[PDB]
Structures are given as structure tokens and as C-alpha cells.
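Here you get one chain, nothing else, as C-alpha cells; it is the form deposited without the partner chain.
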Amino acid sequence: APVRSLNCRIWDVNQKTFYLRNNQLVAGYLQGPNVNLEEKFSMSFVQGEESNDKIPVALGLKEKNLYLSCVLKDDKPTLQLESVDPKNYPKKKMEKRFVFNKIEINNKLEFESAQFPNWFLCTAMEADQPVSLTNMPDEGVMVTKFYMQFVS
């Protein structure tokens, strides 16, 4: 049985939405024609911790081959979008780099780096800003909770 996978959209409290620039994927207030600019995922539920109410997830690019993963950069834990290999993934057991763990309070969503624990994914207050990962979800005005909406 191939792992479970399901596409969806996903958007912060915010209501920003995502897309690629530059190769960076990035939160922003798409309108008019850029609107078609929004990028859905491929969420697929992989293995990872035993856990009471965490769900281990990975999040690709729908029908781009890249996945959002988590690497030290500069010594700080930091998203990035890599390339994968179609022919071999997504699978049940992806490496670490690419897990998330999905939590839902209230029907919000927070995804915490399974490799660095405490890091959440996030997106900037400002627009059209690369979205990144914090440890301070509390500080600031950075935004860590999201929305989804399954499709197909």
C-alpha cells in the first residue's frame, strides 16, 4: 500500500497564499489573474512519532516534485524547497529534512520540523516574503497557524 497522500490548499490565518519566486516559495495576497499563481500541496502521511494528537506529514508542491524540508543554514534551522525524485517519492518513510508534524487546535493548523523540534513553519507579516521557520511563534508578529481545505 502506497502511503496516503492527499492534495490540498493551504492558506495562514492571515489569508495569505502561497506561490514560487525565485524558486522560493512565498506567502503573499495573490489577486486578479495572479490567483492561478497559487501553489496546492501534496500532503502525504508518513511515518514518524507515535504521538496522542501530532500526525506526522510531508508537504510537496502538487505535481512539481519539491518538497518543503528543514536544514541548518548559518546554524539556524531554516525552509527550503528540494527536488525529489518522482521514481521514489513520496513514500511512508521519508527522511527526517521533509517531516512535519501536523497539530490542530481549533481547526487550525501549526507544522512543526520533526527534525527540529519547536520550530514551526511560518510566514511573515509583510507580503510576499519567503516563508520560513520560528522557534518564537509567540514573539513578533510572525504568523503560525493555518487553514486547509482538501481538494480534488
Given for the second form:
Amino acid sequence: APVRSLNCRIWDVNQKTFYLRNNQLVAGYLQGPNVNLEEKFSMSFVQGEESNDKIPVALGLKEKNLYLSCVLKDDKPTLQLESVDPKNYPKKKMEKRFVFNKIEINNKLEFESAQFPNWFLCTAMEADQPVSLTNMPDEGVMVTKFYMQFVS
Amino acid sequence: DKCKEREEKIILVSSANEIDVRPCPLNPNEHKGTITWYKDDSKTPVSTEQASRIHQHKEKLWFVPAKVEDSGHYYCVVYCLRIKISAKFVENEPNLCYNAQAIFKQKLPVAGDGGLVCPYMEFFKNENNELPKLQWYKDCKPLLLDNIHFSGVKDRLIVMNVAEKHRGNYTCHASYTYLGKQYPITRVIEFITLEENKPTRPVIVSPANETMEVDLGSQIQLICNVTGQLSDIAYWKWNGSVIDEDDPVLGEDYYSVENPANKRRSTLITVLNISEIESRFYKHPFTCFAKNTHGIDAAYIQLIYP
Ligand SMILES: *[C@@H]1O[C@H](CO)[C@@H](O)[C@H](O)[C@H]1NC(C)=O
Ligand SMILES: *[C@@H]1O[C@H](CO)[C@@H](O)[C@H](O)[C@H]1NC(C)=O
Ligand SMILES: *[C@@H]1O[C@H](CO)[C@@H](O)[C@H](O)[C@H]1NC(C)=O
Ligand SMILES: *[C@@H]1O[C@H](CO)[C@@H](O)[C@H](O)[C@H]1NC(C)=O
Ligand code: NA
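Taking the form deposited without the partner chain as the starting point, write out the structure of the form deposited with the partner chain bound.
Let us now look at the entire complex, which starts with that chain.
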């Protein structure tokens, strides 16, 4: 491959897992046969900052060609899923909207938007709400820490 | 103009004889208006009288308490939207304080402090916005929340120094006041621990700081062979720069294989393709880096004229 890419499962530190509702990524709690609804991710090692703290990554939905991306919506950094052409994606130089700086401390992961520094991938306190981005990860408004498990 | 119709795919399994609440599950985006609730295939809305066992209040559907016989579908009618919702209510298994069908699986890596979370407590808050205090059990035996081995904060249980023996089925119990009457609430969580995410450095097997005679104008490939975890990354640099992906003469291909025997000693192979040896490449070494959160190894090949 022209990009190093790994299958994983990602869950937040409130034990919520991701799934699709309409066409949006939400976070919640699944039981029994509903665990089928869980989305796995393909995590690619893309180019960006060269640091001992951060590894730039893009996050795709396993086998659906949907990428997590940070875009301005009404003057506010917003997480949106983007359909990509499998013919070109994933690649080493992903556009900056797809790029997250993965930061790992103590088995927990934060994903900072490359495009929007100081803004972090996050989920709400309540179940079943869309995944989002926030620039206030130090107040316990949103959840901005995650665990991951590589499944390849 | 025609009512739109959606069928919700989460089936939430709750306890018989416990209070429960269901919100009509719109995304923010598909909000907007009067929310009525209906039972089964009635086109007559549910009781709005809070005294009745099943009723509508604050656009939510309340079971006060639920019964196994309530299991079935319900519609919430929020232009129009009408969502079929199916719910299941279950008795505990015999001699148990829960039913395995209601299990929420949760997992933490060994060796840290980590949290379990009692789910779907959102709607049991008391003004001023507090949850009732939760008691926590493992396999139906009480836990001491002494802030040394376990802590209870709001909806969370903090398990301190997570280890393998913490595995088991945990229940969180609360008592909620609704119309001056008290109702029990439990959720059950199957707690699974994962192997220690354990801090080690990648080993670069090849190259090993060596020279290589090559002809000017020709082509070559160099292999960086790294022993490590699949999650480590192995990549080349030249003259202080990553290999640019639009670079017209340098390219990388990344391959990997999982070692079944030892997941920590898998292999990464990054092949650098030099489609034409240019004279500049003889001035600086090609360096393979092998990287993860705890550190970096580096080893190089220096091209020389024959
Ligand atoms: C939890 O309970 C279920 C059924 O009673 C059982 O399959 C499972 O082995 C239990 N899990 C743990 C981790 O103890
Ligand atoms: C990579 O290194 C290991 C040495 O332990 C070896 O088993 C494997 O053959 C090497 N592969 C290549 C392609 O260099
Ligand atoms: C290495 O890159 C530097 C910095 O951009 C550049 O000025 C120099 O020409 C390069 N060295 C060689 C031999 O190309
Ligand atoms: C090989 O080369 C690298 C890059 O200069 C150096 O960091 C490393 O220590 C060298 N390894 C050995 C065993 O000399
Ligand atoms: Na329960």
C-alpha cells in the first residue's frame, strides 16, 4: 500500500461505541444482537507534523469508504462524514480535513483536528448523539478521550 | 403530503418491574414539533395521565414500572415523522440480580484506572440536575466505594488498577422518585479486560548503518525491516524529509505481517523505491525510522559510487 493502514475498534472513555444513524456517526450503548451495529475503523498513518507527541492519522469507516473530517459549518469547526472514491483513498497525503493528530497518554487517545488545532474529536455526555469536535476538552462538557483495540 | 416512516434498529432491553423512559430518537436535524406516542398499532395516543402505568410526559414514553407484557413496538409521531420503536422487558434470570439479555459489554485495558458507566441514566436526573446515588455490585455482591479500590461518581464506577480478576458482571442500582413514589433501576455491564498495552520500542532489523555501492542513473529498492507490533510505524527519510508522496523519483510501499506466535514481534516492511539514482542521493544517508508512543529507532543506508 502507499499508506500504512490498520483495522481497529475505538470506544470513548464513557464506554460508548459508534454507529450510524441516518448518515451520521453517533455514539451510544449497544446490547445483544445490536453489537452488529458497531462501526470499525481503518486508521491510516498519513503525513503531517513530525513529532514525538503526535502521529497524524485519518479515520475511515471499515469497508464503507466514509472518512471522518473537520469542516467549518456556519463558522464553527464541525465533524462530518465524507464519502470518498476507493480508487484514491486512503493515501499518504490526505487533505487536511481528514487529518487527526493522535496523541496517546496512559492507554487513552485524543484526536486533535490538524485543520483546526485546539479542537478535539469528541462525543456528548448523553447516549446517541452525533460525534463532534470541541475546543474545550478540559471542562467535562464533552468526552475527548478514547481507547482503541487493533483487530487485524 | 404523506407521513415519512422510519423503523429504529436499536432494540433496548430493560428490566421488568423497573421504571423506564424512552425518548423519541431523532438526530438533531430531524427535530421539530408535537411528539405523540402510540402503543402497538393504535391510532389513539397513549395516556397523558402520569398516574397511569404507561404514559406520555415531556415527549418521552414512561413505563412506571415496566412489565414483560409491554415488550413490543411503539410509535412516536414527531411535515411528519413516525418512528416504530421496539422495546423488550425481561425478568432477571432465576437466583440472579440481572438478565444476560440486558448486558452492556464494556472494556478497559489492564493496569490503569478506568471507568464503567451506568448507561441510560440521562433521564433520571433530579433538579438541580443530579443523578440519584448509585450502588454498585459485581456478580450480585456489593462493592465498597472507598476511593481506594473503587469509586462511585455520578453514573460512573472507577475501577482502580484494573486487573484480570475484575472481570465479571457488574450491576448499578439506583432508586428514583417519580410522583413521590420510589422506583428501582438497574443496568448490567459485562466487564471485559484487555491485555496490558505495554510500553516497548520497535527494533530495526535492516538496514544496519551500512554503505551500498550503486551506479549513478540506475534504480534500486531499499528494504526497512522492523520487528515490533502492527501498531508501530516504519518509514524512510532522506536529507531530513519524509519521502514526499508526489516526489517523482522516490516512493514507499508499506507491507506487514502478523506474527501468530507473538503479536509483539510482528514485522513491518517498508520498501523505498528509487526509480533513478540521482547525484544528490550520494550526499546524505537514507534513514529508516521505526516509531511508536514510547520511542524511536533509526538505521541508515548511505549510497556510494562504485
Ligand atoms: C456474565 O454473565 C453471562 C451470563 O450469565 C455469562 O455468559 C458471562 O460469562 C458473564 N461474564 C463475565 C465476564 O463474568
Ligand atoms: C525481516 O527480518 C526477519 C529477521 O528476524 C526475518 O525473519 C525476515 O526474513 C526479514 N525479511 C526481509 C524481507 O528482510
Ligand atoms: C537537502 O534539503 C535542503 C533543505 O531544503 C536543500 O537546500 C538541499 O539542496 C538538500 N541537499 C541536497 C544534496 O539535495
Ligand atoms: C545507526 O545509525 C543511527 C543514525 O545515525 C544511530 O542513531 C544508531 O545509534 C546507529 N546504531 C548503531 C548500533 O551504531
Ligand atoms: Na435493569
